[PDB]
Every structure is written in structure tokens, then in C-alpha cells.
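This document opens with one chain alone, in C-alpha cells, the form deposited without uridine-5'-monophosphate.
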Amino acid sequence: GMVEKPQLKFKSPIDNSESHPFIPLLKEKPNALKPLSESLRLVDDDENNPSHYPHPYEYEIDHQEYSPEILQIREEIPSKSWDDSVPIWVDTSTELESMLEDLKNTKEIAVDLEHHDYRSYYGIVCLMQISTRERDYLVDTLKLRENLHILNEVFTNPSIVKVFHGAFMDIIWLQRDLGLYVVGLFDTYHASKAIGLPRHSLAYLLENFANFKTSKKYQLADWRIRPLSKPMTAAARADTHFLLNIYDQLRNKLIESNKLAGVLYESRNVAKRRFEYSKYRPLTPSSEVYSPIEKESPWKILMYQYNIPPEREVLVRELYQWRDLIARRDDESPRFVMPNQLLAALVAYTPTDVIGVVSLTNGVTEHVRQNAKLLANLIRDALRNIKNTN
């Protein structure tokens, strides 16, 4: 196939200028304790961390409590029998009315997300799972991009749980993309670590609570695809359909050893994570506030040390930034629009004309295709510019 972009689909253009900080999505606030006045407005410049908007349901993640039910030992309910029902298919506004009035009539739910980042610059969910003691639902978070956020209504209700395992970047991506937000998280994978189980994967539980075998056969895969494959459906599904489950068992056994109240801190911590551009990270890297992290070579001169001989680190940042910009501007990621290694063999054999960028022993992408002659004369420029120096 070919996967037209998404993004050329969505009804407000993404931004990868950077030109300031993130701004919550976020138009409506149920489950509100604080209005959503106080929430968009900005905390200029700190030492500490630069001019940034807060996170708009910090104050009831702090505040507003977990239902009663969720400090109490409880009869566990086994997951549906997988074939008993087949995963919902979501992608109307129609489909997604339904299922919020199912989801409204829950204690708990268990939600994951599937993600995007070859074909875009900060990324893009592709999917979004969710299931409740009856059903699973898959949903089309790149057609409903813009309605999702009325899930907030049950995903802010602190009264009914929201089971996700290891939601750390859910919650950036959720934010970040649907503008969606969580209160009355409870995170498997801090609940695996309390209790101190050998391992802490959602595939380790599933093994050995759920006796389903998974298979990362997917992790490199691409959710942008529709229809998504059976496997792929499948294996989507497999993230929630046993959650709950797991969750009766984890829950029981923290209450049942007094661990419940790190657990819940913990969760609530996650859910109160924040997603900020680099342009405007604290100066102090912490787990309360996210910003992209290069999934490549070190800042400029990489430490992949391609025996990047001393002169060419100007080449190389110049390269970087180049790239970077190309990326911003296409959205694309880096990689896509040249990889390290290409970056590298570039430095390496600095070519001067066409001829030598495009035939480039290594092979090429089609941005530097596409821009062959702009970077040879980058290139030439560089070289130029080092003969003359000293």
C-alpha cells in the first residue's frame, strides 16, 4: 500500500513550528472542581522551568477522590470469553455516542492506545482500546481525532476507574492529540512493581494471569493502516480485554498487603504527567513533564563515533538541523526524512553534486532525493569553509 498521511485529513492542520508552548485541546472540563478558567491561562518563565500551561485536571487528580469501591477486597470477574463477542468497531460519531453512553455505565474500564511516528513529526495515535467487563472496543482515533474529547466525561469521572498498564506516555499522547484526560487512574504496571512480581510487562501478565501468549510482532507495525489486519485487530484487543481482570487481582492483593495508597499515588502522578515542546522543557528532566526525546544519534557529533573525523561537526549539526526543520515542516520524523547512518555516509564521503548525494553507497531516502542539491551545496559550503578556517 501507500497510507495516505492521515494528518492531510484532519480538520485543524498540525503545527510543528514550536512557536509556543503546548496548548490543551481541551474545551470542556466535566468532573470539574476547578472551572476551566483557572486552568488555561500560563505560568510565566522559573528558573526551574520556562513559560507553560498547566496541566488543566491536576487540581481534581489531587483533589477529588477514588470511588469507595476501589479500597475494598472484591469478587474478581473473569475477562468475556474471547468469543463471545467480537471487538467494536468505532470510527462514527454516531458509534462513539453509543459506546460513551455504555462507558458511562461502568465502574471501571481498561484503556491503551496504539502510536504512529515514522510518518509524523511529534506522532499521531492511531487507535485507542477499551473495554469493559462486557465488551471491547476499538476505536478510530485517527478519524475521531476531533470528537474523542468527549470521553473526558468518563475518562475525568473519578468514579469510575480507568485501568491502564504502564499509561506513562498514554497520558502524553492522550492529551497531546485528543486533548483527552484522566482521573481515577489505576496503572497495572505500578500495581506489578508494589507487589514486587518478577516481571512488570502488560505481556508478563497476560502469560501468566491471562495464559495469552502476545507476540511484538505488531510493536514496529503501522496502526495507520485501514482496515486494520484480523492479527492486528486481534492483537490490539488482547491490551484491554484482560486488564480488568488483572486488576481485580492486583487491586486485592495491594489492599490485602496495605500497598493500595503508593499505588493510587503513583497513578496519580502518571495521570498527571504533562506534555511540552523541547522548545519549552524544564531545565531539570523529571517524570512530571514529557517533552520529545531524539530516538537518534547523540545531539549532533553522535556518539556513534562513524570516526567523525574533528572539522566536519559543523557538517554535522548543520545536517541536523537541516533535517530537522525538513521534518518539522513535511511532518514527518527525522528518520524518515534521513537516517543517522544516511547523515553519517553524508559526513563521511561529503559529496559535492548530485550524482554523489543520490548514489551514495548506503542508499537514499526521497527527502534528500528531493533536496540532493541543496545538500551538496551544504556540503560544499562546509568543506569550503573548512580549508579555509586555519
Contents of the next structure:
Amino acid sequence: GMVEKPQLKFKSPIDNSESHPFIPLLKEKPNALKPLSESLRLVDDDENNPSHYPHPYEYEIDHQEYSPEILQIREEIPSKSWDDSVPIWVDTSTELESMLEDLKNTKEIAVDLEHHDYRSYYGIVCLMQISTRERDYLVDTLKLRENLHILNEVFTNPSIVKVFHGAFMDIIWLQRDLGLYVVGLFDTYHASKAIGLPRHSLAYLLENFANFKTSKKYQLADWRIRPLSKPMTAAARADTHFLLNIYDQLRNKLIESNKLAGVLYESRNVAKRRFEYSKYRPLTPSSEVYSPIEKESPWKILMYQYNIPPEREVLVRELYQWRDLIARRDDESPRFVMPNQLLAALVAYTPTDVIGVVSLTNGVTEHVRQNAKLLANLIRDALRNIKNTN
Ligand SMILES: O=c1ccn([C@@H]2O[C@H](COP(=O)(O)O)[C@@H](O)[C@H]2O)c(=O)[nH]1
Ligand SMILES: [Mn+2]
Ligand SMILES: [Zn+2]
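Switching conditions: you have the form deposited without uridine-5'-monophosphate, so give me the form solved in complex with uridine-5'-monophosphate.
What follows is the whole complex; the chain from before opens it.
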């Protein structure tokens, strides 16, 4: 189908202006050790990062102690029979409240998310998966975007472990879109490594500790679609349904070899990661701060050198910033607006009129089509400031 952009229905309009450092959406702060007060402030300019807001839970992450039974070798609890229950779909404030209530009675929960980045500028969280020892929940993060902040009561309670596999981006996506933070994280990815298993992916873990062959076919899927296809629903459910058992086995092995503290330390840092707009990204890019990364050709003249002539660097760069503003304007992803191959094609063939732009051998996107004149004008200008100068 056409899949009506779900953003259009958000209670708060998206902003790609990037006119200010990223601000946490967190209006409340449970399981607090340091009042939300201090949190919302700033960290005025320095040589390692311009003004920015800090991670609203950085403190508690460092200062709050872990759940006792995490340091003990406990008997592993098998995942529950896939067929004994159906995944609970959550898309109402009521459906959401009963789950929260239910989540508060746990010692630990497994969590995962599905994200979309083709019809959005920064990207958006379309689905969230949460598993307890008894059931699997499927949360529509699109429809409950403005409500999911109440989950903090559980996600920040150090007395409930939260299991994620390689949550380095989940932590980011969670704050950026839902204002959710995580205190008491256990990353099965960092655990796999410490133990030294042949591979460290979730797929690997599922096949060897839960006999479940996974599918990469849904990491290109459009998680915006409603309802979700059975095969899609199953894949999402499979991401947290077996994680708590896998968690038990890894935690125990980590304990048995004196490597837990190391894994917990690694997890605390993944949880501490902060989301900041590219504009205000730290000078020295690291794993403590995450700034939007471009999924395509080098910033200017692409390295993919489709045999990109000398002078055409300016043309190329004008096309880039143009595509970015357009993407930021209609809140789309750069490749949707115009994929590099096309950017290249334009630069490579330098069409000077609308015909030339829309009949461009490779093919054309809607944005390129709906802006063919501006693009022909821009291209024609390049070809001219090239003939002039020298
Ligand atoms: O090769 C990949 C793997 C994952 N993802 C993104 O990560 C989300 C969660 O993937 P995972 O952490 O469950 O593997 C996906 O829904 C998708 O947005 C990708 O874009 N490409
Ligand atoms: Mn994931
Ligand atoms: Zn997943």
C-alpha cells in the first residue's frame, strides 16, 4: 500500500530544524537520586563538545546498586512454550497501563525495538518488544508515542533487570523518540563477547540456546505497517521471547568465570550513551555520544568515485546540502529524496533542462521529479561557473 506516513498523526510535530541541542522529552523522573531539576540545564562550550544537555539518569546509572539476585548463580528459567500464549498487542493507554502494572511485578524483563528510517529524517521507533517470564508484549510505539514515558518507572528501577541484545542504538532511539531511559541494563551482546562465543549476534544465540532459526528478511521490512503480518509479528516476538533464558545462562557463566562486573560495566555505559543532533555533536566522535550518521556517499565528493571529474566537487556538494534540506523539510531520508546513485547520475550527466532531468537513464525519484527545474537550474549554474572562472 501507500502507507500513510505515521508522523503526520503524532501529537507533537517533528522538528528537523536542529536549532538547539537535543532536549530530553522527560518531564518526570522516577527512581530518582538526583532531582530532575539539575538534569535540565546545559554544559556550555568546551573543546571536546559544544553546549549540550546531559543524560538525565547518568547519575543513578553510576550510583545505583544492582539487583542482588544478579550477582548470584540462579537456576535458569526456561522460556515459556511459544504456543501456550499469544503475544499481547498494546496500543491503548489502558492496554498500556495494565502492562506497566504487570511489569512492576518482575525481577527482570527482555526488551527490543524495531525502527524505521526511510520515510523519516532522523528515523522513528515503530515497535517495541517486551518479555516477562510469563508473556510477550508487542507495543505500538507509533500510536502511543506520547504515552510510553510512563514505562520509566520500570526501565529506571534498578531492581528490575532489563535485558537487551546490543542495545547501543536502542538506548539512543528510546530517549530521542520516547524519552525513555534504562537503569539496570544487561546486554547479552557484551556478555557473549566476554564469554568468548564464536559469534555475538542475537541470531547466533537464538539458534544455539533456543533452537530458533531467525530471518534477516525483516531488517529491511517496513515496521510502520498496521496490522503487522503474522510472519512479521512472529519475528518481533522472537526477539524477546527467548532472551530471559539466554540471559540466565550467560549471567551464570559470567559469574562462574568472574567476568560479570565487566559485562555490567559495559552495559552501564551502553545505557549512558546520549543522543545529540549532528550540529552539536562532539568534535571527537566516540561511543559516549551518538549523532546521526549518513548511510551513503562521503560527505562531499563521494569516494564511490563514479569517476567524479575534478571541478564537479561544488556541484556535488550543492546537491548534497540541497538533498539534506529537502529531507529535513519534508522529513524524509536522504535516499528517499535522492539516492547517491541518482545524485551521481545527475552530476555525471549534468542535465540542463527538465526533460534531461526526468528522462535520466537511471530513473528518477519523486522529489527529483517535483524539483526538476530547480535541479536543472542548479546544474546549469555549475556548468557555467565552471566555464567562467577558468
Ligand atoms: O541490518 C540491519 C539490522 C537492523 N536494522 C534496524 O535495527 C532494527 C532492530 O534490529 P535488531 O536490533 O532487532 O537486529 C530494525 O528494525 C532496523 O530498523 C537495520 O536497519 N539494518
Ligand atoms: Mn534489537
Ligand atoms: Zn528485532
